[PDB]
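Number of protein chains: 4
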Amino acid sequence: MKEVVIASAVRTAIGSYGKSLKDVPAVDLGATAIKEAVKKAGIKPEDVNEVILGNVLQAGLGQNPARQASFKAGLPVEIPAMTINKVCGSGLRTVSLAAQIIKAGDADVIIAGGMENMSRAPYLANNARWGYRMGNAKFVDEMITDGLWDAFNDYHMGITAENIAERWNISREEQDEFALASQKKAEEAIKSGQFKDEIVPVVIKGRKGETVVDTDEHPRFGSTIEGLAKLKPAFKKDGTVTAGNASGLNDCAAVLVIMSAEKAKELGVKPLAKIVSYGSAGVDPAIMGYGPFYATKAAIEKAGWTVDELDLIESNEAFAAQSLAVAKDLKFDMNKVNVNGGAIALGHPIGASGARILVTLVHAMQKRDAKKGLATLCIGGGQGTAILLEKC
Amino acid sequence: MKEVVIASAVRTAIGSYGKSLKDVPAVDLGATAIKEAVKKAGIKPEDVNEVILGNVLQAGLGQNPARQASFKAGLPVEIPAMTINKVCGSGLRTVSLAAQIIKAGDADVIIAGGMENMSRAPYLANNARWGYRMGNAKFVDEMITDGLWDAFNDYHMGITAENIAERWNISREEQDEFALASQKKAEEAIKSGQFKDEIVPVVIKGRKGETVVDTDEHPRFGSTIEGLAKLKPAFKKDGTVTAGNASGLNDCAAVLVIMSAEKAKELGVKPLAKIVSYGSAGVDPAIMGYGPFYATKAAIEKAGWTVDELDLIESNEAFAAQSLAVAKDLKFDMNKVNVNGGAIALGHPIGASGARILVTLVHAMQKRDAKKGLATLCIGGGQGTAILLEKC
Amino acid sequence: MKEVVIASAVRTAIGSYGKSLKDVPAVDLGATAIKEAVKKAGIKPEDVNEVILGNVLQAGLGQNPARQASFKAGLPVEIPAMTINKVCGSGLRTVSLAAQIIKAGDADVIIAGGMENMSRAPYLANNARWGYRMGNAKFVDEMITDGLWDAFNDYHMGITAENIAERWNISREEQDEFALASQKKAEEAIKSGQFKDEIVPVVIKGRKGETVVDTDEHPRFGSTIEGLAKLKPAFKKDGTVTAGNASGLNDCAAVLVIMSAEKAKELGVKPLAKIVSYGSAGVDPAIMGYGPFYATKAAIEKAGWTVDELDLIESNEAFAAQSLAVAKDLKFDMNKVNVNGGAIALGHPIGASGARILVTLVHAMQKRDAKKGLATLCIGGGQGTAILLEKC
Amino acid sequence: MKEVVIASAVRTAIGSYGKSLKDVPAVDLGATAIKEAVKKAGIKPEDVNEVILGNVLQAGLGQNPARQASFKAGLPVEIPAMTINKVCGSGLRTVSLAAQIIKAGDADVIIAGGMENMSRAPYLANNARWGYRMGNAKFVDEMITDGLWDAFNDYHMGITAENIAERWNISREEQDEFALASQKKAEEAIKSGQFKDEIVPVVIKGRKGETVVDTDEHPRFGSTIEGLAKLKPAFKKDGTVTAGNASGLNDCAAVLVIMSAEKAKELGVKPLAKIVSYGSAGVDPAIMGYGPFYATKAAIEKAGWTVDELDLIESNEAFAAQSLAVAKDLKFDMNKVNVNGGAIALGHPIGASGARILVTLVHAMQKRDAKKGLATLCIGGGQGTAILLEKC
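Residue numbers (the entry's author numbering), protein chains in the order written: chain B, 1 to 392; chain A, 1 to 392; chain A', 1 to 392; chain B', 1 to 392. A prime marks a further copy of an entry chain.
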């Protein structure tokens, strides 16, 4: 049916926990990235049919955080919006949902992506409404419960990363060397201007003064292998995962204008890339056949491609252990992966992260003249999200 | 373009605030409804491609409440699931999203609907993470902030209902007669068994016994116009809107199995109705040229129908003043509206309500042999959500 | 050295946890008791020199709860007031402090006693001011932390009672027979009007009506040994202490007017009893040479009395195991102990309880014409508090 | 009756809000000052008969904060202890209570004073136990509610200071010049070693490292009149009270060993001063006669003295407005007042403050060879606390 393209792809800088964006609600980050994505695509806000934004920690953000972002961006109040939560998947799954609505014939132009401000997550009192009656109870970290805690196994995401490291023998040393390379690559990318096209500044009107945040602050410049080897395991006595080889808690928004090829032509848009296939795409049989990261595998097959044919790959770094497991199984050429650094250095703003790596992927393909790109994040049946792009 | 149908449609009873469902998390109500929906459709859990569920008060409910409901229902862990939040529109928007995904060629069978437990919403401390420093602060009722408060105008949704009552000149008396009619129709429908097919019982297993909840708790049997006339305004001094002419705060899950017509035939399923059109369908020029209830007008127009041709209508009753404004503008025959009672009597479990009225519409169409049906809820630019159904 | 007397002695009923006094702040119970105590003593508010009141759960009750009670009772704003917290000892220690101030020549008329509303204790967030940073934390039940938890051993006061039961070899059976006897005596005392003189009614004025609370709510009329024998241990697996052989969590105020004998004569007051001695009286060599209940032994010795000479004894029943250990060690004649029932039946409103048993002792001495009385409560080094009274 | 003396007088440094002592609970500060007061008096911990300590913000501190301090100090577990709360009065009123118990013949040696850690005060949820039911509620700053908020007038203490400034015409300029002089005098006192005798270091065992806090940190060295004139009013639009001319929120403990003259002789103690009279002393008539600070006035008269005869005076600086009002009315010679600086510079750790200024007074009398001293704090009938000392 319709071909689907990315007309623009914009993100804020990624802030560190409790730092540069602590005072900027997720919805304002979202609004900042939407306003700019719309200008960068060269379309009018009224050309937009629907807004679809991921956001995981919605607690106390008020009704329909995606709608607030749309309205704050200056989009027409009558554009419908919805907020999606698939945890790790949210921000990228909104892009494939956009492509699906366009394919169904119901839209031509959709704002997609995601936003998160983990620094601002609340604490919760779950039994304040009808009473605790008696006894100490839990004052709930909402960021941990709704974003980072495995609802079924009743342990932290970090434990899952340990399990994978264990089962595959991904050693502490191997994870730290991977973390070091992500740090070095982010530092070079930032210092060489590789993110200048994709970052929209955020303006914080301070008590008096305006502050501009326009640079990713999470990378630890000058990281060394020695510095990483000294860190204590963060999740498990004598484990392999540390602060050093895992991503952080971060704040960002990242937004893309998704359009039918035919509408892009009509509006004089010069698109950046075509969406070729995605993890959600087509149906079955059979699911289990490909192995444990079958989402990404099957998405690659549906595009008619192989891993060797890919020019650039964004494979999210929630934990180095998980990144190394995926790269090993799919036999990625590591020179083509996370070329501007990955989440260990840059940050993992949950609900925005899938969209963030797609924004970094599309600009890197443009910059480096790379024809075939893969963005992939999250691990395990039901959860993997992946998109394949072919540059225009 | 694939034809899309409803293979089953099931809901829990709707509980009242702090009452029959207070001890049953939204995800468990959702799991109960999904497990039954699959059984009623006569399909296996393995036949489901994806789970898409409305839920507005997600705070503290843990990662991806839709995925939790899916898992707790017995559905394969590999089925992808996402949680959607469009406030009032959430539960019906998941049904049209299901149809779009099916139309795009990406799934054949999708569990859609919504779940909410307003009785269990937390309170929040928004500045607990980095500190309050000094001075009293707000202990935030999350149900009001995330479900009921207009994020822009900074007032209760009740105030919007009051403005609509003034706008359309709808009197206190008119609102209470409408409320009384919803109450009477709900009482007669309950007592005549009109909900017996669609309600799945919820079994609450305590430390000492079992309680079965299978009847809608919210209606006030024996309501009278004098009883309604004595009520104090809920939202403002000298207001027209009271607790007796507005819906409540309520707990429910409502799930439908949505399939392509082709898969339904292949699986031996006898579908209940075909989804003919929805407010999201086709693109937006010139959408605001119809009036303020243009999502609903545009959906009816896209079906190729008119209001006079409709046999049954479910038009949600968040507030009698809103229900009457939509009914006057669209010139509904009120004999065909909310024939088994509406949300004033039955309750408004936010992220489930749009699916709950679809579940009620489709069962009522079957029972009454009505060919053409409309479900509509929410009011205002870009919020209205509507679906048109044609009985099989 | 001035002689010191009790001119009046009044208490509210004792409410049960979350029940009859849940809506009445401790300071209001205190104000009700003070206003009546002054009236019963036949003195004017102007005749009071100082207000000294026990209150253990002061959190959030506002500045100087004793001063608030004093003011709300009609006492001149210039009367100095202080709030004392010695946990279990608070309410009786204020009576001996009153006597010391009178003996020192610094006052002639002091309002003493205690007030507590355990039903209204808050929960706490201890790190809200400077932040929790990350991770779940304790939402602290302040009643347990400030009123019931051993700050050193880091366990419930219930565990101390269990250790005392083991120490003194006091069986489950023995504790329940003692509890049943407290229940029976309380039921007979209530029904025979033994508390009618000492209880001041509390009038709760709602938005729509008035409720009068004037009867002790906590006793379980018709208790049986079989009913007690079926109870599960409260504090530890296979424990002897249950909810049926330990006191409750309760709400009360109890106030006495304490005067020099000289002022009482000057004001025309007929005093109820003379305070002969108290556990604080004279200095400490060699205080621990008596046993573990040496405050009580030493008070009796300072009166120039013995246990056999006492006519009535109020020995508080926080736990049956503690009550029985004190009674065995001191060889009390149990026919003279807690003759109108004790705290198992009647409740243990912490910072009021010591004054409440003094109020009950002095009324019982009057009614029964008993010359010599002992009130004792609390156990362990430096906590025990006791007063000896001689009827006028 | 018995003469009463101060055998030793010790305090911690006073920390600023959220600063040097933020990690040291009030009870540990108390314990540190008790252990040292006992050594400085040259008596054994077993010579102590009772512990009486002021502490206003007791919320969540656990049972009987004075007892915890005693136990943590290494005092015998059987010494009875009680915590007093008279807000501003607490710490000094414990010293006069000590003298009263000694006068009554019931003790020879008492530990008195007070402790507070305002940085550590909790936030409160007052309706967590039985439920908020619905609607936003207040997340309570316990420090403000229990320490700084006028329970009767329902406004901040700062408003009272404004009222006094208003009624007496104590101008902004006059208050800032008073604040400047307190700042200069504290700076000279600290730099000249005047507090070295009375400060006991506090040792904070850090993550690794021990930190020593031994210097008052609140003074703003180098303050200037210009700096103070630039500040905005803190309580009232166009008011006179600012951060600059008011004290802070501070953390400290200050403890004194109080003994009978006869026991000091017997134990070979060389006392520092005799307590001559106190605000609580003797009884009436008539109270209103002296004017609004009659507490202090009457205490001065009872010693047989006049204001002119005083050699040194500590008059607390909660707010410069209140200090200037008292000094004007009693016609203090300002050269003899707060000679080492006052609370504006040094801090006002509520429950400790009365004891802190008595500790500073007694050491200053020793240092400067001053025979007659007055300590006074708090304002308004019922609340004024005052003690007169005559040096040994």
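Please note that a few of the clues may not be correct.
What the hints assert, rightly or not - Ranges between beta-carbon positions, derived for each pair: (1) B'/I204 x A'/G380: 29 to 37 Å; (2) A'/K274 x B'/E301: 31 to 39 Å; (3) A/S171 x B'/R167: 30 to 38 Å; (4) B'/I204 x B/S171: 33 to 41 Å; (5) A'/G380 x B/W168: 23 to 31 Å.
Read the hints as simulated data drawn from the structure, not as lab findings. Idealized CB from N, CA, C, for every residue including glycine.
Hint-by-hint comparison with the structure:
Range check, B'/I204 to A'/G380: Cβ separation about 31 Å, and the 29 to 37 Å hint holds. Between A'/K274 and B'/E301 the beta carbons are some 33 Å apart, a value that agrees with the proposed interval 31 to 39 Å. Between A/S171 and B'/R167 the Cβ separation comes to about 55 Å, which falls outside the hinted range of 30 to 38 Å. For B'/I204 paired with B/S171, a C-beta distance near 39 Å keeps the hint of 33 to 41 Å intact.
Between A'/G380 and B/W168 the C-beta distance comes to about 59 Å, which lies outside the given range of 23 to 31 Å.
In summary, the structure is inconsistent with hints 3, 5 from the numbered list given earlier, while agreeing with the others.
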